[PDB]
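Undergrad: Now for the letters of each chain:
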Amino acid sequence: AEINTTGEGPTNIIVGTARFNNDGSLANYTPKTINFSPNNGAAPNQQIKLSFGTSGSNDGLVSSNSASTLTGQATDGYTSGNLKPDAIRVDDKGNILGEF
Amino acid sequence: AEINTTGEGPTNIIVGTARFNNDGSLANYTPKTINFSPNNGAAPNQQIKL
Numbered sequence: 001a002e003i004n005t006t007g008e009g010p011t012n013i014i015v016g017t018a019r020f021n022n023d024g025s026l027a028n029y030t031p032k033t034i035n036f037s038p039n040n041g042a043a044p045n046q047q048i049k050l051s052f053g054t055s056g057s058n059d060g061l062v063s064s065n066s067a068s069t070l071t072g073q074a075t076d077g078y079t080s081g082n083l084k085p086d087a088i089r090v091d092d093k094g095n096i097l098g099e100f
Numbered sequence: 101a102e103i104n105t106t107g108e109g110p111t112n113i114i115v116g117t118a119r120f121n122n123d124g125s126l127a128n129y130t131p132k133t134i135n136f137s138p139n140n141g142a143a144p145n146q147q148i149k150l
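Residue numbers (the numbering used here), protein chains in the order written: chain A, 1 to 100; chain B, 101 to 150.
These are computed hints drawn from the structure, not numbers from a lab. Just so it is clear, CB atoms sit at the ideal spot from N, CA and C, and this is done for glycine as well.
From chain B, some residues computed to sit far from chain A (all C-beta separations above 12 Å): (1) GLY109; (2) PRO110; (3) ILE114; (4) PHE120; (5) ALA127; (6) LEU150.
Selected chain A positions facing chain B (Cβ under 10 Å, derived; list incomplete): (7) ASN22; (8) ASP23; (9) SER64.
So the derived label-pair ranges between C-beta atoms look like this: (10) B:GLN147 to A:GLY56: 18 to 28 Å; (11) A:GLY7 to B:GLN147: 46 to 56 Å; (12) A:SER68 to B:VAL115: 26 to 36 Å; (13) A:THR71 to B:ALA143: 14 to 24 Å; (14) B:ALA143 to A:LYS32: 18 to 28 Å.
Isolated chain A, as found in the complex:
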């Protein structure tokens, strides 16, 4: 897989920075986005946009005197699925359920 455009420049690695404000609230962080090409036949140049919380808020990354630990993680996305005809079930109000 590859990520960065050019010139740093091993292809794998991004080198950004991050700063926390005086009371541990985040100030800013860079890069906010990532080009990402899997290079395995998947559609190239997916554009992820990492999020680590709004400026000046506890919602994202937060520095503190206490020991550092990861918490939370979430993202968009699925895996391909297919319907199975043997199980269908109509319900009340007449919309037809399906169970992939």
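Since the structure of chain A is already known, use the hints to place chain B on it.
TA: Then chain B, alone, in the frame of chain A:
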């Protein structure tokens, strides 16, 4: 963590006073309140009142 505004002035330390009346009943004590910022991402400038 920090507490006092300015000018004494290590940030940590408050220097108040207290007086007791003639029979041991309290007379007065100062400061009656404390600004307090944890400085760990918690909401800054909590106002305690001792």
